[PDB]
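**Student:** Letter by letter, the chains look like this.
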Amino acid sequence: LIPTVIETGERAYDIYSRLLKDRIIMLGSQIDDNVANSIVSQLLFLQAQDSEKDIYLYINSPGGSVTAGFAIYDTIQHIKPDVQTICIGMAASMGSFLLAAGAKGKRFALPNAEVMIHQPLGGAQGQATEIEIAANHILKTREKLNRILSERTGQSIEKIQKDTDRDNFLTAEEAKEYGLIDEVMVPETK
Amino acid sequence: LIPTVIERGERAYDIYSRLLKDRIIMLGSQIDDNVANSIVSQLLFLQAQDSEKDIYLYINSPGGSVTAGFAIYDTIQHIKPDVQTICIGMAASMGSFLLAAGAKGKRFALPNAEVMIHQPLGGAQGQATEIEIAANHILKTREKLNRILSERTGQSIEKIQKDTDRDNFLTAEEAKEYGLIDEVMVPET
Amino acid sequence: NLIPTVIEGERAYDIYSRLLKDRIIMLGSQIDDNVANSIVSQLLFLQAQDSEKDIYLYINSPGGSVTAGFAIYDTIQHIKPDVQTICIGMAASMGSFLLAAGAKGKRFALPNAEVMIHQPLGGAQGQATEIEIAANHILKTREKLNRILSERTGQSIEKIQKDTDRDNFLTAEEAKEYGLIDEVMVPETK
Amino acid sequence: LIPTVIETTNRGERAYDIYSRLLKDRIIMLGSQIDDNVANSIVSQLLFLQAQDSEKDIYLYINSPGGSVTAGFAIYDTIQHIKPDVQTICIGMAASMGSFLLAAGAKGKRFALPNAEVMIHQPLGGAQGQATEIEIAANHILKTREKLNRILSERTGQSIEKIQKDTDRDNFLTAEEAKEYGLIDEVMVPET
Amino acid sequence: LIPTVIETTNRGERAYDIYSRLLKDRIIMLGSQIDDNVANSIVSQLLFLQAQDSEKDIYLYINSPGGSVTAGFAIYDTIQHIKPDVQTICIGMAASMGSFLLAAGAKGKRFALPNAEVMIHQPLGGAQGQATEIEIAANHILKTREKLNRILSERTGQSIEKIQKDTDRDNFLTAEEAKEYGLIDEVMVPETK
Amino acid sequence: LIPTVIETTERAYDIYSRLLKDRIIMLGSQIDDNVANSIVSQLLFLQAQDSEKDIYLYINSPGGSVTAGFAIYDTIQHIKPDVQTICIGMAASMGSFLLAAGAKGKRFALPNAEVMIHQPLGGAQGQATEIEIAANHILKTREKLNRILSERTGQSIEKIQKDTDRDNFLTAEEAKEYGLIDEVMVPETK
Amino acid sequence: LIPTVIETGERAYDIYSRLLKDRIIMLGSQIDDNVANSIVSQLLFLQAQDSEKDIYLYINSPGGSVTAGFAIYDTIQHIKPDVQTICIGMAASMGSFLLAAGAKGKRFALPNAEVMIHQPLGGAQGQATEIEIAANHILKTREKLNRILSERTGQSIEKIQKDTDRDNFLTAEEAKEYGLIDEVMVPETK
Amino acid sequence: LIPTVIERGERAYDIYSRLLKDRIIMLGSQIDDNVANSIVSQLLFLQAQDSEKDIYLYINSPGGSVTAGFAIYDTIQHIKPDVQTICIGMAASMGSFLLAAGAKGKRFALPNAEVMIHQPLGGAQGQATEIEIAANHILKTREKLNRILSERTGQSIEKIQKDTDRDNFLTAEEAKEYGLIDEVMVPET
Amino acid sequence: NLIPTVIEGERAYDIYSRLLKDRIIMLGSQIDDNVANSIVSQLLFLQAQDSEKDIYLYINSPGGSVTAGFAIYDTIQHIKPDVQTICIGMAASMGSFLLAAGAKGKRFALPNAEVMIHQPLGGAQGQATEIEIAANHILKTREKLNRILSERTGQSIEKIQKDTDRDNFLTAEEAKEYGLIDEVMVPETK
Ligand SMILES: CCOC[C@H]1CC2=C(CN1Cc1cccc(F)c1)C(=O)N(Cc1ccc(Cl)cc1)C1=NCCN12
Ligand SMILES: CCOC[C@H]1CC2=C(CN1Cc1cccc(F)c1)C(=O)N(Cc1ccc(Cl)cc1)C1=NCCN12
Ligand SMILES: CCOC[C@H]1CC2=C(CN1Cc1cccc(F)c1)C(=O)N(Cc1ccc(Cl)cc1)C1=NCCN12
Ligand SMILES: CCOC[C@H]1CC2=C(CN1Cc1cccc(F)c1)C(=O)N(Cc1ccc(Cl)cc1)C1=NCCN12
Ligand SMILES: CCOC[C@H]1CC2=C(CN1Cc1cccc(F)c1)C(=O)N(Cc1ccc(Cl)cc1)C1=NCCN12
Ligand SMILES: CCOC[C@H]1CC2=C(CN1Cc1cccc(F)c1)C(=O)N(Cc1ccc(Cl)cc1)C1=NCCN12
Ligand SMILES: CCOC[C@H]1CC2=C(CN1Cc1cccc(F)c1)C(=O)N(Cc1ccc(Cl)cc1)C1=NCCN12
Ligand SMILES: CCOC[C@H]1CC2=C(CN1Cc1cccc(F)c1)C(=O)N(Cc1ccc(Cl)cc1)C1=NCCN12
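Protein chains in written order, with the authors' numbering: chain I, 3 to 10, 14 to 195; chain H, 3 to 9, 13 to 194; chain N, 2 to 9, 14 to 195; chain M, 3 to 194; chain J, 3 to 195; chain K, 3 to 11, 15 to 195; chain I', 3 to 10, 14 to 195; chain H', 3 to 9, 13 to 194; chain N', 2 to 9, 14 to 195. A prime marks a further copy of an entry chain.
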């Protein structure tokens, strides 16, 4: 149950609204349209409060809708502030795509976090012409995902295509070697 | 239930076994593997009884599996006897494909029978590459069906593709003009 | 149901197979492809036994599939023997259509039988153009039915269209006055 | 469930199920809810028995809660059409269209066992849709009741007015009461 | 849960739910399937914003698969009725009445993010019952498509014949393709990010 | 889902409570008893605040219960203020009945709005006399609705009966021509 | 419905028992244990009637259980008679594996028949040790299937592994080029 | 329902927000992503309030998702304050993994609390190669968990593997001897 | 349920929160982890308010999870304040165990309350060794419960084992005679 937080009671908020106060956005669920619209609004709200201060996007999500993921992706690239990303626990599907889309040099993963990449999933039923339409669409969607992943990791599109043909699980250090993140966040002091 | 008929001498058969004794095969249900396997067996059995007498295929079917329909189609083309076809009631999907596959000049429809043609149906769920494999296969299947329909009707492949893009209902008279059947069977005496 | 068995020589038959020996065919259920295919076969079998003796079609049926009914209809008109019809209990939908398809002068109903006429039922779900295709098809079907009903009853096509717009229940006497049957079969005893 | 009876005959061992054995003695069992399948089978048996002998009586055993009105009329009209007298007897219970067919037997040959029950009521139905569709259904079911009440009046001797009151609600009658009403001619007293 | 935003100002701390904060900047979120409830809320928001200021632009964010055609026309007719220009932007996806409403924004102020997708198609429906009932439903859904195609032709500049052919089946367009087609006026590009 | 509006000069309202402050009532759902009871209460509250200022009824509804619709209709006719009506999106069944019940000259429709008229729907299960009771009640209700519709539109009762036998869809312009509305509201400026 | 066949009635059998009389076995369903046990018994019965006469195995099946398929495979290889195979309509999964296991030179397909090859499918749920057990088992099963397929087609195991990684659909002529069958059965005369 | 507590001055909190005011975090349910995200946020919020005061993590949980458990585990190791842990009632699966992850010398269990350890669970359905990918991943995950448990308890990897092969129930006293906790909290005054 | 609200100064609280102000905790439902965690928190909160004043635990509960009950049990024995217990209505399973866990001399029941004791319930489905593990665990659990019950009632462990073999219903007076409570709380009025 979402706990209520008391600052210094004096002032009270739910935990996630208190995070937003520090310019932290929680992407901690499956990505559907509602989740994306919320995150888009939060990003635009933070830019309006300060168009130069970094924003922090916490990712612990199995992914979800590709179009919903691109709503968030395009909003990240449109705003002025750097958006840092960190994988907490797990990032798969569009979750890991967004992790890789954080400001260059500010993409992180905790030491035991897991990153998964794969090709998109879909579906089609009906006449042959309708199956062809869905196939052409999902294949075009895969090409768009692979091109951007190639641009943000430094790997070739051919390697991205090969490495996502099947479910591919990466450790935090492996995600750094791959170019999906920049640093494995080490503990501060203790 | 399936009635029993007596008769020549006093013999009792179920009505459909009696039909087979006159070299008539009833394709009167949705086409699945079990239906196709039975019809293939009946066709081969009739050819073994007499390799020169015509065979008669009665079609009142909404169609079904494409591969099951081709099992029947290939057996018709393989055996020596002519296989006559007649649409009674309705012939759709592979049912109308098999109606058009009868012996040239021996494909019929009763006056108020209906013929429907359309493109094949299918599905696909999974990774983008699995969707592509499923789409490529169903498109090849549609192309295979359309080529034969072009040969059997005399229409161009372009017209077959356009006319099967959506559900197309044809009257018996329209089916003859289209080339799916040769004659509308008219009431005798 | 528990269909009783009758014994006669040396022949035991279920009650319905015994009927066929007298050239009587029972149309006593909803009309589907299975029922139509069996009745078409029975009609052809009876003609092969004797191409001149009348056949008798008993009808106690709510109707059913239009194409299944036409399989029977066309087989009736194709074969040489006269096919008499009689409504027992109720004839609705394609059941009353087939009742009216008997050899003229040999269509009957029992005094308390009911006949119902009405327009065909159908459905359509999908794109606008798919709905239009299904509508044009079921309208063409209704015209085909009304055309034939007009020929076999003597009513104008416009009258048939009007009387079948809604469910229309007819007594045996009214079915005769309407032209659906030729005579109400009355008891020749008390 | 249904036992088989075997009898040494002229042409050798012959086997019947108990219900087919009853039919060989011109006994027809109406012992279930009346649907189209039950009515069509009973219509076929009545015509078969008349073809075997057009003057010998037929015996219709009734233990049924009733059912479809049109199915019941298929049996009713077949009874009135054939030449042989059709006797009726209620065993256990005859309700709805069951008691209608019980009263439809040959005059003087309508019976009920001493503890059998007879029930009469008005027809049941349903209707869902536009107002004009409900009107069509209401007119039809009301016509059906008038038809049923008229024949019941002819079969029992009671006026149409009394039939309307006595069938407005479920009305249970004893065997003696049924005889009294005219639905049956005599209550069958124990054979010796 | 819809998060709450705190605005530290020259007087202190103010709290709104995130969407009420969007409305304060004259931004309306069309981010779900379009049913009657969604349309009635958006119609109310458009009328409220015009009452607050009849000349400031309004911004309609669209990430929606579409839905009811009559619900979408409630929104369309309110956009055209009010005085302020209504800008539209496709975020993520605009399909069915979603892409129709995207094309209905003020001319020159219809946008899409670079990776957003636009889909156009013909309306969907159903019908079950008597033949004359099927005919009525078919006539109605076909008239609705003529209406949609007529307005879509006016908003895009394409002919009604081309729109009919291009919506016969599901048609997916990229942002640039939506601009070339005339459904949007500009692909909103990132300034250096 | 329902947004809250912040209005300068310290009040926060849900959007529908804000509409009521402008004497606007939203009939935007299927009409059941709860919907009617709330709308009746709103109408009485607005009259108590001001007995001469117009009230505005927004209609985007598929209709619903006839008695619930008449609860709204009778309250409209009872109160002193004029009740203007406008069809936005769609008005069918009791929805279109209430649209035509607005103050004469103040019944509107947006240009692309749809109006649907039809006869009432119902059901009946049981004894023959019970179905007769249900049928008599539905026909009475139809007459009532038709008679009022005739008075509100100027069309004869015979034409209303014919035009509502089946589902009848009308454009905004067709609704004006029929007399169900007075004006097609055209664009401010535009 | 399985029809009854009358020879010269005189003698009557169901259609499939009449086929068996000609040493024809129908593999026309999904392969489960019951189907395999039946076919094993039929093969042994035919060998007992004549240990030198060819046997004919008709295949129109989507496949099924791998162990059930190997029951049939091993019985084919154990008996003395040649077992001819023919793809009728479709053969996939173990169906196509059995098609390829027919006597060399007597493996056929009708011209429009389809052959599909793929890797085996399975499942596992539970502790990590149990998932490992199922994985090792299904991988071993794939190696056994690929080795035999390599022996009966002439292709290398590496090529079989590559070509079955995904669903692979072959035409009759393609199946012959691949080595899964020997001849495409052409029509005899007409 | 969650009770409301009053109190110092007159202040009202729900009982769990009152716990957080004393730097106590309740891990009292099955561990899914939503639970982990909330606990990660509470840990970071407490560190922002005071980076030197201990934090107290109450555990009464059957466990749940392994990745969600590691989200909590990594946040505990990342922040500066010591995070104390105590098992109340029961700690199983990732719940017992997190109990063992507390600050050295500050991992507790009430006397009648239960600790269970076992290997991770999962599933897999599809082609042989998909089953292999799923098995390889869950085996790597089990190896990752076992390595940390070895470091946190002092037991060898061999013993951890044997002791988690099947469901293993431990008493509080047994959990201390095993090295999963440091002390059994005994009743005071 | 509709929990009423009481008002008092200036404080409005639901009836259960008002109870806590008097150091009364309500254990009035089946015992699950959620209920246990809340009661543990309440106990610690009350001790933090005053480590010397008695706490009062009302019990009207069918029991539930054994581990959840022990969370409460151990918290009761850990804190300094005495915890009084009283059975209201019924205390069964872990509910009667916790009733017996109150401070000696301060365990009560209302005159017509019922107490039930019995052995724990559990399950086990799978391999022989898995069933043995679950059996040994639930037997160890029963010994732990019987050991403590023996200490707090004064009965031998063997007597407890015998009396809990089956469901055992006790009156308030019998619960006192058994040692589960210390006194039957009688009315100090009429
Ligand atoms: C309808 C066309 O217009 C689009 C434009 C309008 C607009 C934007 C950004 N849009 C582009 C866009 C949209 C979605 C994602 C994205 F990456 C860019 C914006 O960022 N703000 C400032 C703000 C936002 C949220 C709050 Cl809560 C407070 C302040 C703004 N204020 C008035 C209009 N407007
Ligand atoms: C590898 C198997 O290829 C076998 C070939 C063998 C064969 C055929 C035809 N098969 C080819 C085939 C198969 C399917 C469809 C098709 F178009 C051609 C055949 O027709 N008969 C005669 C017969 C059949 C059924 C009965 Cl009931 C009685 C007699 C026959 N008797 C022994 C072997 N054999
Ligand atoms: C596919 C070509 O079909 C032509 C023709 C073949 C045929 C017919 C009738 N077909 C036309 C037809 C079909 C359906 C309905 C209809 F109104 C007319 C027929 O009636 N008989 C006699 C018979 C039939 C059933 C039995 Cl049980 C016993 C004897 C017959 N014997 C060999 C071929 N043949
Ligand atoms: C289609 C219109 O005409 C039907 C008519 C013809 C006929 C009758 C009586 N039908 C009238 C009828 C039908 C239904 C109910 C009813 F009350 C009367 C009949 O009774 N038999 C003798 C018989 C019947 C069943 C067997 Cl099992 C054996 C012998 C007969 N044999 C050939 C034609 N025919
Ligand atoms: C019933 C017939 O008339 C309706 C008319 C009346 C009206 C309108 C506009 N309606 C037309 C309309 C309706 C729906 C959509 C559309 F495109 C135009 C309006 O915009 N306002 C101002 C306002 C609105 C919302 C808020 Cl929250 C605050 C202020 C207003 N105030 C009193 C009446 N009225
Ligand atoms: C239990 C161990 O023994 C096995 C052996 C016994 C046996 C066989 C073959 N088994 C080997 C086997 C079994 C399954 C498949 C397979 F490839 C080989 C056999 O083929 N026949 C002849 C026969 C068979 C079926 C009929 Cl219907 C009539 C005659 C036989 N007769 C007695 C024992 N026996
Ligand atoms: C790419 C994002 O990496 C962000 C980094 C930023 C950050 C952290 C820690 N993140 C790393 C991280 C994330 C998840 C777990 C974990 F172990 C460490 C932080 O702890 N605080 C203080 C704070 C937090 C919650 C509240 Cl309620 C109030 C204050 C903070 N304030 C602004 C940015 N920021
Ligand atoms: C993980 C280490 O746990 C040790 C200790 C921490 C602690 C306790 C009790 N723990 C032990 C414990 C836990 C569960 C049950 C139990 F019987 C004893 C405590 O009682 N209080 C005071 C308090 C609590 C709740 C509120 Cl609402 C207000 C005040 C406290 N304040 C800071 C740390 N701490």
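For the record, the hints were derived by calculation from the structure and aren't laboratory data.
Ideal placement from N, C-alpha and C gives every residue a C-beta, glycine not left out.
There could be a bad hint or two in this list.
Label-pair distances were calculated between CB atoms; the ranges are [said to hold, decoys possible]:
1) 172(M) / 170(K): 54 to 62 angstroms
2) 179(I) / 4(H'): 53 to 61 angstroms
3) 130(J) / 4(H'): 36 to 44 angstroms
4) 130(J) / 170(K): 12 to 20 angstroms
5) 131(K) / 149(H): 26 to 34 angstroms
6) 53(I) / 4(H'): 55 to 63 angstroms
7) 4(H') / 26(K): 29 to 37 angstroms
8) 54(K) / 53(J): 53 to 61 angstroms
9) 6(N') / 19(K): 54 to 62 angstroms
10) 130(H) / 142(I'): 55 to 63 angstroms
**Student:** Evaluate each hint against the coordinates.
**Tutor:** A quick look at each hint next to the structure:
Take residue 172(M) and residue 170(K): their Cβ atoms lie about 38 angstroms apart, and the range 54 to 62 angstroms is violated. At about 42 angstroms, the CB distance of residue 179(I) to residue 4(H') disagrees with the hint of 53 to 61 angstroms. A beta carbon spacing of about 49 angstroms between residue 130(J) and residue 4(H') contradicts the range 36 to 44 angstroms that was offered as a hint. Taken as a hint, the range 12 to 20 angstroms holds for the pair residue 130(J) and residue 170(K), whose Cβ atoms sit roughly 19 angstroms apart.
Here the CB-CB span from residue 131(K) to residue 149(H) is close to 58 angstroms, at odds with the stated 26 to 34 angstroms. Here the CB-CB span from residue 53(I) to residue 4(H') is close to 35 angstroms, at odds with the stated 55 to 63 angstroms. At about 36 angstroms, the CB distance of residue 4(H') to residue 26(K) agrees with the hint of 29 to 37 angstroms. Range check, residue 54(K) to residue 53(J): Cβ separation about 19 angstroms, and the 53 to 61 angstroms hint is violated.
Our hint of 54 to 62 angstroms for residue 6(N') and residue 19(K) is violated, since their Cβ atoms are close to 24 angstroms apart. Taking the beta carbon of each, residue 130(H) and residue 142(I') are about 26 angstroms apart, not inside 55 to 63 angstroms as hinted.
In the structure shown, a violation is registered for the earlier hints numbered 1, 2, 3, 5, 6, 8, 9 and 10, in ascending order.
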